[PDB]
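Comments concern the structure below.
Removed: one protein chain of the complex. Kept in place: all other protein chains.
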Amino acid sequence: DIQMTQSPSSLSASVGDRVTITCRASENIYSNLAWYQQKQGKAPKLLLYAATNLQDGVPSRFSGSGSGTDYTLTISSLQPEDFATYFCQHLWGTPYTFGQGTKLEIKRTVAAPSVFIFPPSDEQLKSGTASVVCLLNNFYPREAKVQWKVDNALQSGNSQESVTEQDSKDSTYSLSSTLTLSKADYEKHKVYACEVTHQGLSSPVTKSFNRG
Amino acid sequence: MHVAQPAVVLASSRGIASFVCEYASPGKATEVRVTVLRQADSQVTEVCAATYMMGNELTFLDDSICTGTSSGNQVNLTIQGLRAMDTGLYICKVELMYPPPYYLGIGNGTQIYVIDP
Partner (left out) sequence: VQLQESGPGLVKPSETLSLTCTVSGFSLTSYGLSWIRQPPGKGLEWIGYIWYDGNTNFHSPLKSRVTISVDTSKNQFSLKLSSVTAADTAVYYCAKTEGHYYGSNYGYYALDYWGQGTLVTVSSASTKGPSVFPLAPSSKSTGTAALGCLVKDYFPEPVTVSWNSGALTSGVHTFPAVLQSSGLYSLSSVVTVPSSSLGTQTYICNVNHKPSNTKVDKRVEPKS
């Protein structure tokens, strides 16, 4: 009945900067607004009730403004811990509709990944499966390319990457590329390499092993 | 929850003052209590009050100095028999009882002025 729209859908801003999240309502809600912080994997935490009044537990750098239909947030002196997806909600009407939500991103300093590689455990080989894993640990930005090679034979549509969200303290990423061969195809080859090229490092780094 | 009412009113020579108290509501508030307070020299006291059931009129408490008529989400409060001693700020308090959730609103108040012939 009364819909909400936030903007922008996402944004970036370095640590220490001042950032604001706007949330305009269709009708007038007379400052019956709530702001929420959600770090994925957890339920959202209430920051501001009554538009401007901030909840006891929340730091003072969080503050709200606005009236009538247009309302805003403000983070004077942003911290890395504030990485989350922020939501606004009106509670002046039958359905307490949430806003679409804005995703705040830290944007840290450039950092290179620590590359690791993991051969498939013999425990797994018994079952008939063969999963060889490659680990990019703590880097920024997320834009990174990993190339799998089996006896210098490039693997293209065989891996599955899985990247974790920006860290609370490090403000970094981590990637998990897993190559999946057949038990037969696996032990019919020698060298398994994980070539990692990234902005943080000068020469593409390769971490490999010979099954034996 | 904000409730609006005239900033200032002049009571006629007869001694009749009137003011409306219109209030913001989420929608369909079956029961509402209106309560008028008189702010004298640094003290507030309830002079009249009334419940407001939707779809019908008001129901004031006996000995209430006020009488009113409804119209959606606003009541047209009139008080009779006034003289200079009764001049003060007449705040009206409105609260939504049923159905929940409960809300509570208080206006800036209508400053009623009076002078005797």
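By written order: A and B. Residues from 1 in each chain.
In this section, contacts are C-beta pairs under 8 Å (C-beta built on N, C-alpha and C of every residue); 3 or more make two chains touch, one makes a residue touch a chain.
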{"item": "Displayed chains contacting the withheld chain", "value": "A, B"}
{"item": "Residue among A:13, A:133 or A:205 touching the omitted chain", "value": "A:133"}
{"item": "Selected residue (touches chain absent from view) among B:40, B:84, B:104 or B:115", "value": "B:104"}
{"item": "Given A:19, A:91, A:201 or A:205, the one touching the chain that is not displayed", "value": "A:91"}
{"item": "Listed residues A:23, A:34 or A:150, member touching the removed chain", "value": "A:34"}
{"item": "Residue of A:10, A:53 or A:109 touching the missing chain in the full complex", "value": "A:53"}
{"item": "In chain A, positions touching the absent partner", "value": "1, 31-32, 34, 36, 38, 43-46, 49-51, 53, 87, 89, 91, 94-101, 114, 116-124, 127, 129, 131, 133, 135, 137, 160, 162-164, 174, 176, 178, 180, 209"}
{"item": "Residue ranges of chain B at the interface with the undisplayed chain", "value": "1-2, 95, 99-106"}
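Here is the rule we use: only the chains that are shown with their structure count from here on.
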{"item": "Touching residues (chain side chain A, partner chain B) in the complex", "value": "28, 30, 32, 92-94"}
{"item": "Sites on chain B touched by chain A in the complex", "value": "1-2, 24, 26-27"}
